[PDB]
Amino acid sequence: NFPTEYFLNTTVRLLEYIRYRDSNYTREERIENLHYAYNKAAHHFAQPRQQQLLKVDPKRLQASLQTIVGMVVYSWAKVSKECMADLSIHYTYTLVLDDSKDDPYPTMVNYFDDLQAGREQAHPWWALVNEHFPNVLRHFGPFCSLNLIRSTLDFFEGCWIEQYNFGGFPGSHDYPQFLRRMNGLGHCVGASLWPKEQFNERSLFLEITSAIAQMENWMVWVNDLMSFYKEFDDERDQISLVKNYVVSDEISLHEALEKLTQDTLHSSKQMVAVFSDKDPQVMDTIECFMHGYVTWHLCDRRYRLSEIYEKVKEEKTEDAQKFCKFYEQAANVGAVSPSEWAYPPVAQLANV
């Protein structure tokens, strides 16, 4: 019984308030990048070693690779082409784990010993991610790298904790954000926004650190919101910030939703206050990520918000009128045919 209606009352405030307006790229640029990124990642995930260690249903690997290339490209609009590709590999790995089961425990028992000795991790995921990492890290200075590493690590714990579908003992007010922060790849996204070929870690240490701290919550709440739909009646997505707010904080799915919104709205207000007068170049990237990020949410299959445009394309509310007005802008700019960039299929590359 997805609340609907109210969903719009939320989405609209956010979009209207952040003055949603994806302006980055040109149809003739957007595709150049979608294809470049998809091409490298797909060639990578098609190798035998990757194919044999990453346990993923071919179909899901493909859908994920596409949702990721879409995310990297639409949000990291100011980084190099190579950078998007390598980021797309790293984020495609994390998405595989985010949607998977399997118990880590058995393989994580000698984690730190194998680490300190230089011995491939028992867990296949760690074995492939740690092997690939260097191709992501080369694009960054040391500090931003630490952030990427830590975050990827935290995210690993989060997925683990998530495998107990636990929303927290009622009255464990802290639990909710504790868990969301742990699996939101906050510091990983925020730091990967600053390639060294384009930024000087030491010269912009303060702005970059501030961006990591602030963007962590914006980035995650916006997703907690936009994807409230697709994560509604799905297992594994059963445990979400909103849903755990209810359990742990003891309130109604209606209030928890208002909570997430009042927050998201504030994060947004402070992003601007803080980064407006600062280095134009920084603002530009934050700006592009924020708009591009929303464009992707209103366009990728994963979040399937189409099943809402075509479910309210009728209800003439001053609310669902704005929602649809927005959804339109989005697809208009970011709705592309996979037939123009996502090819050939990863599988087809694998059996060669």
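Superpose the two forms; the largest set of C-alphas matching within 1.5 Å is the rigid core. Numbering follows the first chain given and starts at 1. What changes on going to the form deposited in another entry:
- The residue among 216, 162, 207, 231 whose Cα moves by 2 angstroms or more between these two forms, once the core is superposed, is 231.
- Annotation: Cα of residue 57 displaced by less than 2 Å between these two forms, core superposition.
- Once both forms are overlaid on the rigid core, the distance between the two CA positions of residue 343 between these two forms is under 2 angstroms.
- Superposition on the rigid core between these two forms places the CA atom of residue 45 less than 2 Å from its counterpart.
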Second form
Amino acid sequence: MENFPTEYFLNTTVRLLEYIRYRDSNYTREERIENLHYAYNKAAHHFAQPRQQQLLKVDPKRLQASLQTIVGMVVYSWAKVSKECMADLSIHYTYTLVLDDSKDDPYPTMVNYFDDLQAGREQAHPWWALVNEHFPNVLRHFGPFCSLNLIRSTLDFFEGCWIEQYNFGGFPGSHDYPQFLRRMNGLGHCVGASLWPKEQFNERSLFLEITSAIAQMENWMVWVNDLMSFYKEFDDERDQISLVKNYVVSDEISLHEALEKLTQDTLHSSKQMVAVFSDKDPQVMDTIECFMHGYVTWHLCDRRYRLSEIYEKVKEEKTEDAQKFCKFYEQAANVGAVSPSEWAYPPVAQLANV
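Show the form deposited in another entry, please, the one above being the form deposited in one PDB entry.
Partners and other molecules omitted; one chain follows.
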């Protein structure tokens, strides 16, 4: 546990990419930049409005960083949706990412949650006030079924953040806690269902494939992020309650065994993704295919995950995995490494002061 399991990590990462067939796509760099800028621009203007600037307590620099990371996530993974959809989704997922900065006990503001909701009064918690006011801009892109999924997952996410304020990784022997919490904060159904705008897909005609994608993508999605984040989190003494770390505490196993568990679930989830959707509606496999690749690309190109540090270490090694990794990484960079100055401007703060 002293050193980072670099060789084990590379092997699992290469397997993950091969299982999902990571490969070049029709999604260019020019289109990338266009979408990045469109999504960023609309979002930046939104978060710069006085109402938002005042009810959303976030350090300007992090809001800027969080927005940029989210626009990147949406644009790179929701490759098939319209520019407006990427923009509105970027706003919503930026709201979720930001809420992780509040130490404010939701308790006082949640005392009248239901009565206020039923009466049509603005929620006491400012996050809810902005999120629910903006939600319709996100929901207009989806049918009733998918919309319900986005709504539920966001409600779950809120409770997840609440629970996480206690920095609790679960009582030893509480085996069901880890994944219980991970689903709470994962946004699985929100992500999964938001992949099907009614503009491109008929919710009723594809009810079964969509429901199935939500169910399978929920886990793939969160576990992939748990793994790709495993490098940056490794020595992060601040980050104390990740799925992997709660496995250690709750299941009473080594950090290493927790990481074995995570990669097995991840690889298996990847296989089944392919096995189930390969022969289904081609348009559905396309969206699923593009999300998995873009999602990994995003993790690979975003400084946040510092995976470039791993590339800079096996860059010249002559091992099988090390080379497959470096090639995948270069492919990723080839289309995903983009300078912020090419799309993320002007800064939110500059629009807020204007």
